[PDB]
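Encoded as structure tokens, the following chain is the form deposited in one PDB entry, with no partner shown.
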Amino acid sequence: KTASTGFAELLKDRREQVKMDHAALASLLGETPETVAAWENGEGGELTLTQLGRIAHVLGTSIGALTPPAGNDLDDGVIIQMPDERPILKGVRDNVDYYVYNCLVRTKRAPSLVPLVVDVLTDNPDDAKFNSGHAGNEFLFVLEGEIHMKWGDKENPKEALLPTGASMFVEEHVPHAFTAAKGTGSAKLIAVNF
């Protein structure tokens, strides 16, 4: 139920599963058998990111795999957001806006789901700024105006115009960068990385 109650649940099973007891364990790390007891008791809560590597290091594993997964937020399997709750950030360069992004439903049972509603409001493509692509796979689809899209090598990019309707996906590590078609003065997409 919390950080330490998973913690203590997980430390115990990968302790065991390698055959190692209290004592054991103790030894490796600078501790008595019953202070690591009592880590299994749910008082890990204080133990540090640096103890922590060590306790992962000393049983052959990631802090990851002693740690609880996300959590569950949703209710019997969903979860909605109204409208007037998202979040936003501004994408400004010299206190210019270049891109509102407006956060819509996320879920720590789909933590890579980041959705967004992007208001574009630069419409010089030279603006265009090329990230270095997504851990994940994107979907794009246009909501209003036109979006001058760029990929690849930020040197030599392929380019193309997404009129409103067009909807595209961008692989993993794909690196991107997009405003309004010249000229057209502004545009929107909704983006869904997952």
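Here the rigid core means the biggest group of C-alpha atoms that line up within 1.5 Å when the two forms are laid on top of each other. Positions refer to the first chain, counted from 1. What changes on going to the form deposited in another entry:
- Here the rigid core is superposed between the two forms, and of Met82, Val78, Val92, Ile88 the C-alpha of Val92 is the only one to shift by 2 Å or more.
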Second form
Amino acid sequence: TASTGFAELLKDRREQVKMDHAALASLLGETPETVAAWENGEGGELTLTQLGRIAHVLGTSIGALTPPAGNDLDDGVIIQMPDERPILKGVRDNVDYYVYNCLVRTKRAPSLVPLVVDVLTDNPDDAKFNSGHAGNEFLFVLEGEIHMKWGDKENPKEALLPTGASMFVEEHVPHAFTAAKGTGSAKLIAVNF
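Same protein, the form deposited in another entry this time rather than the form deposited in one PDB entry?
One chain, no partners, no other molecules: that is all that follows.
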């Protein structure tokens, strides 16, 4: 698969840049038989570094010589039951801030990371910001009331969101969440796409 895809993309690329097994090999200090081996599907044990060397000589990246993520769908769909969710308890400055209940994901859409996030803290004065992250994020308040903070960590804008509120935070925008003051905790669905 990785090995197979590599073999195909290696040949595709070698041929688009006008090299034969010899020129490529000569260029990489390998034997034509070796390079042919790789194109036969025997490149599985090539190291990350060697793959780098190969991509270099071929004027491209490892990515362009490796296959796409692959298909994990059943006739177009994938399902996840409520009790098979992976769980990570997020700590921020030695404080148990959030609990990430990871929802369904798919190799067909790598950037889709949907989550149910338990917001453990309920003291807006102590909101712990992140530094922003790549990818846009859609949020929805599943329950309780949320105190949202965003922008500059020292002088941030704020918003109090009741159950049912929907939000969007552009990529790289730093943000932090807590339950409404004294309400203990709240919950939300977060969709990174």
